[PDB]
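Taken from a larger complex, these chains appear in their original positions, while the remainder are omitted.
Chain IDs A, B and C follow the sequence of writing; residue 1 opens each chain.
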Amino acid sequence: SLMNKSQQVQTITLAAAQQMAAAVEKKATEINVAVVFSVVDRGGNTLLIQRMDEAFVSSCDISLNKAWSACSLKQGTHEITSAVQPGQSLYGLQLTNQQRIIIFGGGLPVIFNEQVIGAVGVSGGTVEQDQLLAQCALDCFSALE
Amino acid sequence: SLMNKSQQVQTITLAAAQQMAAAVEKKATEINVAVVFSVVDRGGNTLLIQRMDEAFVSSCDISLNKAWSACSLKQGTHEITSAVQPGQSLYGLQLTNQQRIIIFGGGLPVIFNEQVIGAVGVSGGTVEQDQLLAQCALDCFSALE
Amino acid sequence: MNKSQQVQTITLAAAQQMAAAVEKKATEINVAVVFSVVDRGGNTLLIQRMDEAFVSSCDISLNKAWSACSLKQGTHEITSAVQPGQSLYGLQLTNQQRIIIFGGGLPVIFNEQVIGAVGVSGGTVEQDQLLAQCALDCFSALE
């Protein structure tokens, strides 16, 4: 055959990041919560981090790493929780990668054209809230343009 | 809707922290334990760390990071202990933020005007003792004017 | 005695205004940058990277903002202090190297306080600085 020497991939943009920030900020407001929102591009690289003024300062690292975890492992941070419990197959996964791997909900990959173009991360509510606001961002994304 | 380019907040003062340290060093003597005692401002930055001679040296870093957690999480460090055991919804949190979120008792926020203005951390006793002494610091603070 | 000081901090709303402003100048002067704002106590409010800004510019942008808030001054005003043979040689090595020692970070002075700071990284130093200043200029004509 011919070798593929380079491949074509889609990355999410700041434009799109910026818009999902506003969705999240508007949804978080009416469920009466202050969160950090993060979006990473397709390589896991920080595009946006945005912290509501009443949100936990502890939640900026968390929110970023949920995005990076969601993009890197290609799934929600909620989907790895069961695998990392004492006694489960991937127990100790949470200790790798300088502890960047987040293992509770709040981080989602962004899927465009059967492909992971980036990810989002929300922190500073309950875990159920984080994840609801994370899907909320995705639902904004898919609507755009 | 007129929009706010700034926010007026309140922070605890070094001289408040110094009074707090007097009261802890006293009460630690009366119950016969040596501890390390820490105060952080509104942004979790250090105001005051004090180690009694006989307090473990491993308690320096813990005392400070108890103060930091209770600030950033705006709750007592004992309050999160339940949430982060295996199987629970925030298991893994103790590994975030370069392991500065301490998950056992002895950190408490200074609440003034319904608002987190600062925090204290006591390390070196039992968990029960650390939490008692740290309460003692807040009892003092609300007795100053 | 006083058990608490009143102080002032920049908001997310402010930082968002300033970001749109910085993205707008950066586009016209043909340069892709990272823009970061921190609050009063030096903590992260808003970080943004344009799609073409160097991925190593994320780290620096935030740290510029942090240093300008920390040191109550612009990160360009320290560059000379720190050279070999000079009194604060080595200050770049403290604080997990989070002290940035070239221009592009600037405080938000408001009300004769330091209420937070901005940091810009991406293009030349002077481009960063100009784009940083247009962030502040924006801030002043918010009400």
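Heads up, the rule we're going with is that contacts are C-beta pairs under 8 Å (C-beta built on N, C-alpha and C of every residue); 3 or more make two chains touch, one makes a residue touch a chain.
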Whole-complex copies, counting every chain including the 3 in place: 8
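One rule holds for everything that comes next: only the chains that are shown with their structure count from here on.
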Inter-centroid spacing, chain C versus chain A (mean Cα positions, whole Å): 26
Rounded Å distance, chain A centre to chain B centre (Cα mean): 30
Residue list for chain C, restricted to those that touch at least two other chains: 9, 11, 39, 43
In the complex, chain A residues that touch chain C: 11, 13-14, 17-18, 41, 43, 45-53, 57, 60
Residue ranges of chain B in contact with chain A within the complex: 7, 43-44, 69, 71-74, 86-87, 89-93, 95-99, 101
Chain B-touching residues of chain C, taken from the complex the two chains share: 1-11, 13-14, 17, 39-43, 110-111, 115, 139, 142-143
